[PDB]
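A.B. asks: Below, each chain spelled out in residue letters.
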Amino acid sequence: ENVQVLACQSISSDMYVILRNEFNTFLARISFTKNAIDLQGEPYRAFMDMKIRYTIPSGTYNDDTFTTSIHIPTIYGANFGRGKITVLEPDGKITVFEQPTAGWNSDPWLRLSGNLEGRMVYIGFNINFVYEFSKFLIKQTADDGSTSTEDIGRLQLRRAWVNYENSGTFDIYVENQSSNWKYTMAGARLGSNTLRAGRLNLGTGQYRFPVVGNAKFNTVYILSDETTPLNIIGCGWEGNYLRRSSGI
Amino acid sequence: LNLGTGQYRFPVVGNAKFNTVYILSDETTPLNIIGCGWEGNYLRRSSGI
Amino acid sequence: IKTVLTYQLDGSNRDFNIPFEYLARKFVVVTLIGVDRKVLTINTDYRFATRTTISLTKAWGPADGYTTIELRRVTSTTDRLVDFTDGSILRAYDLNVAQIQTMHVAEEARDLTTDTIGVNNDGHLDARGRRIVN
Amino acid sequence: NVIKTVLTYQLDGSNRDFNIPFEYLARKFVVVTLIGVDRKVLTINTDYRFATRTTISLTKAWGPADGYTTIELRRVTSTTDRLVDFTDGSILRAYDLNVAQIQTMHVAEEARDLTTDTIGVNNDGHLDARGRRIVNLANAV
Amino acid sequence: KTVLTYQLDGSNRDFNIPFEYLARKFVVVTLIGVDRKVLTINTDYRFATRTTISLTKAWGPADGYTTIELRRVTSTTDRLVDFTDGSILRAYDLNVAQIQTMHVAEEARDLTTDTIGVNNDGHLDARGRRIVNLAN
Amino acid sequence: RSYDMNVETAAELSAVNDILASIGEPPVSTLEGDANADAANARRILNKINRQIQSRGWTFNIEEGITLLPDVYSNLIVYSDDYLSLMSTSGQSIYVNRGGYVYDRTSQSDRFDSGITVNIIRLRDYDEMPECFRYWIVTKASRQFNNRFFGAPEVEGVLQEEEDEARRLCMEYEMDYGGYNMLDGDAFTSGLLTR
Amino acid sequence: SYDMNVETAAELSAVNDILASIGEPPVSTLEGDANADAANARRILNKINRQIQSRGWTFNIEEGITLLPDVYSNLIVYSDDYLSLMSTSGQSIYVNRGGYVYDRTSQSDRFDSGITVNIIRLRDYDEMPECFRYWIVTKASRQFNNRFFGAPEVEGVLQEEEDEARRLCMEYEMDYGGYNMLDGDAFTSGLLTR
Amino acid sequence: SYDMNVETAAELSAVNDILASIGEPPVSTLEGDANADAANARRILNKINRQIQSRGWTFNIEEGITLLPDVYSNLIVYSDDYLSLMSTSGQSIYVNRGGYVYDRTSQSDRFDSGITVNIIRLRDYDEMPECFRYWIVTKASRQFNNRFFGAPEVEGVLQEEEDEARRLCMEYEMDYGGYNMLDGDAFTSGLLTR
Amino acid sequence: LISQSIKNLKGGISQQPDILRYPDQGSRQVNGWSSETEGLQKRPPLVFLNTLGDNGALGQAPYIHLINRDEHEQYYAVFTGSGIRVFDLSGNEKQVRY
Amino acid sequence: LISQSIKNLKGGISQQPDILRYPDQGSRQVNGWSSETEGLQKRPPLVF
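Protein chains in written order, with the deposited numbering: chain A, 547 to 794; chain B, 746 to 794; chain C, 5 to 138; chain D, 3 to 143; chain E, 6 to 141; chain F, 2 to 196; chain G, 3 to 196; chain H, 3 to 196; chain I, 3 to 100; chain J, 3 to 50.
Rather than coming from a laboratory, the hints here were simulated on the basis of the structure.
A hint or two may mislead.
To be verified - According to the in silico footprint, chain F covers these stretches of chain G (three or more CB under 8 Å from chain F):
no. : stretch
1   : 7 to 18
2   : 42 to 56
3   : 68 to 82
4   : 98 to 109
5   : 145 to 157
Note that beta-carbon positions come from the ideal geometry of N, C-alpha and C, so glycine has one too.
Let's have the full structure, built from the sequences with the hints guiding it.
C.D. replies: If you want it as structure tokens, here you go:
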């Protein structure tokens, strides 16, 4: 929200970014590594901004409130203005903390539920991915490369599909003028060799979701703030098309 | 300000050759025109070529 | 806290508010106790004006012979709201609804005390009217 | 109210088939008892068989004669041992989640069974002692 | 066994709890007394081990507060598990998700035995009490 | 896996699955929540057709002699939307609804003292219906949800035949169930056969 | 013509079903948000509501009701809610001239003491038998499917539904009216007197 | 509705035949592995199993069986396994209101001592004559071929098979019931007494 | 009944009208990486290396240049506008004498 | 019944005969700015 970005400069396949907060400035790294776990011992690459791996200090746990609390300034060296912070344990456990209303600078502490004192928690903010889709008109390529869309008829749309591969926790929102429906693809299908209790739920497939209405007024966006990855290969749609005036 | 997006369908009736359409605005507000369509009965008797 | 609540019936009040977090809606039942238990149907007599109020159409009262509108929530053990099916994404909304529904059934199980014989001052068991039978 | 997991069907003579409506999760979780002067729980194959998925056929037919006025078929889902329990690497199958969720619902419906046990209201505005003796009970004042 | 009274004579801090609980906030401790009093946790009772609570001071029969009656009140709204989109599922997660409901049900089925209830013989035992307000 | 398991399912939920099987898409797990459109549309077309199949009077539906009763204070009897039909017991029904209250058209009175007796078609749910009809409420909803959304002509043309077979079976259900008699059970020619 | 400036939950489920007819998602309120399709649907529902009532039906035709002239004016308002005024016996004599009932035969717009007329009056969609409430929708489900989304294959199925709905509606009064050939009419009831 | 949470080898060969109907390879177990097609096939088999039993057939219709009310409740559970309750003679009076048998005529859900009803109850696919076991498959082999793999030419052959199967099924009880016109019925058996 | 499929989602935001956009293009794409092999993914996550002091430490508008001279001599140099603060890529300040 | 749509209005005045003009071109365009993203707009205003 408030991160002023100083000039990043890629070195190899790694991009070194400098940010402002505006409490403290930082140097961070983005590396496009397909298959790596960005930090050591992390269960899966967790697409969380500002990942840090923190071994909890001993003094934090208090028996009376049964919580272990870690100060944000201690973990990163800086206080942060806004955002949701996910603390991922070595096991899959994820605890997400929404910003205190004032900010994370008013009250820094992250009150983890159990007694964790020697655990290593990978803590970071959540990256928000948003991809609106262009309206689903009938786009027909001409003999030449340029594509022209038929807007001279009513296309009433009935279904749509998103083909994905190895992705998770994404939400596709279809909004007509007054409707706002949300459809969530949450992972591997039940019974797949992929869905297992302790492993990440990452699945490949086609999710067919219903988009209903005039194409011109329907909007679909895919939004994911989760720690897991995302892939979108293709997108289809079907629907009744009826242009009365048989053109050309 | 009343600024809107849409398609305004208006009736132009008659032989295409003799109909003229002009858009004129002297108002303080902006204007955008993206595309323009038309429909109409077409009947060429002499099936050409 | 609390699934089963009863109101008082006077002739002109028709709107009564529902405290519990009902899942569905078929789950709230509204029975006019009065002298004789009488169950109200979903739209002919009572109607859910807001998520949180049940507004009677007839505005019953003691003049009809009925007092003490009893509107209790009975979660359905058989009509499950989530049925997992092979080949369907395990959405988290499903697991949470399953857990919520079973915990609602148990929460209403905790209210049978309001239901039973009852203990008066002292240990005296009590039966207010309610002749014991069988 | 009403109680949907305890059903007591009258016993007359040779009716040796009674039906189990409640959805029971396993054949050992239904207990058939021949209530009368002395409750007698019946064993799974010596006495009662399960003719169909939803019918129990007693082997002998017991009537009002041997004592045994009524038969109660009720559900006892074991709260202790979970029928399916997940483990770390298990493939999650729509059967496992379903059997798990179905068992907890069954345990809470056993709270209506608890209403059946204590003295509680029946269909009429009558506290029901459901065919059992009020033991102890003090005196009159 | 959600309820069991621990009548102890002196300032005895240790009272073992046999009802396995999900969290500290579920076990509520009251002293049976002329007046029942809900002892708060941090200030009055502390969990020495999960199994054993340990009270500070412990009151007494000499005090008005008498015996101590600890019990399980497992909350029915504050769900311990919130399944979210992965967020790897955890085996510990599903099993606890079902254990909370089993606990609520099991401790709710003891809110009946405190009344008439049923003996092994199959008979509804009033505990030598007098049934008032009955009709013939 | 144990053979010894009798477990049930939502007859309402399994009906919405059968609708979404018909148009061609995977089974939707839970109907809850107004987000999924397909569930809401498939559930509404189920409900909107449930009130038609029932409205056509069938022998079980038509309660006879049901006495509606007036409010003591205002003496007006409410006509709900659950009363699919309200008609007089004998002939020339005199009841109509004016402003949501039963009105006697002949006497022009919205005020009834002491009650009216009528044949009400009550609206009841998919789960109180005979299986014969529970099939047909779905497979008629399986046509209009195929009509209004998945407009492929070849599978509506297949499904039409099915809705018709279902009507035939549903009809057969009451001609047995009502058990109607020409010459021994009616109003007119039962009286003529008296010796 | 009475116009639509009020809303009803039972009427709202009808406009949802007319928007189902194209393949459009349901509206949630008929507020006035720029949903051209919903507006058009409300128009076609009302515009067809005034046919189904116009075709006379037994509960619709109030019979023998008296319209009263305003005393000082001496004329009766013949409003647009009165779909068919008619007359009770034969050769109906009342016609609308201006907005007031006029005796076609006696050339007078002035009446003292009223008229016994058989009037079919507009009733709300909600105030309608369920049999017709379906058919007013599924007839509006045709013309709304013909005027904006003109696909032929989703219409040709719908026309076969409108007709079934009409059959069911017609069946509804032939029970409800209870019309008797030889025991209940005006002519051949009188012939059967012994 | 009873739902499918158990398996049977004789039932497994039916789902193989419904997957043959598209052109899909046979499954080996109905474990729950993500085979959408097999799951859908199990759904259509069960969903059509509850028609073929619903149409009454002679062995299906238990005749004159007594349903016993639970003694304390005084009502009888009318479960979803009872496809058609009916009644033994005429004008069946029992209807399902809530989940319990209700006497439509006497407005009572309370019964003492039971009822003689003619009930068609659900029986497993396996508990079915072989003539029907074919036809439950080859009717499911149509709707599964219409809902997921909508090819018209492999359906139009299948519809000609469903009908043959029905003929063979119908032939099965007209032997099995052994129904007699003039010597076995209720009316014209009594007329032939000398 | 017509259907179309956008084979890939490679194009990004396009502000051209919707009737003119090519099939791949879309209205908004935030925090996404359109690779050729898998069409759209979430950007790779930032990994924290070090904090480089307060907000004003580097100044309102620094000119920052990366000196990639060698594998071991990769340094960043920021010009505060009041001075030079050089940082190793691990975030370690390297003293700049003037 | 035939219909055609001029996708964009990018071309300006053309004095060629109407039977020869391309679809985009038009007879008069005064005080207008034919941008690619939004086809025709009013010129930006003069500021004194």
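A.B. asks: It remains to establish, for every hint, whether it holds in the given structure.
C.D. replies: Against the structure, the hints:
no., hint, result
1, 7 to 18, "holds (count 3)"
2, 42 to 56, "violated (count 0)"
3, 68 to 82, "violated (count 0)"
4, 98 to 109, "violated (count 0)"
5, 145 to 157, "holds (count 3)"
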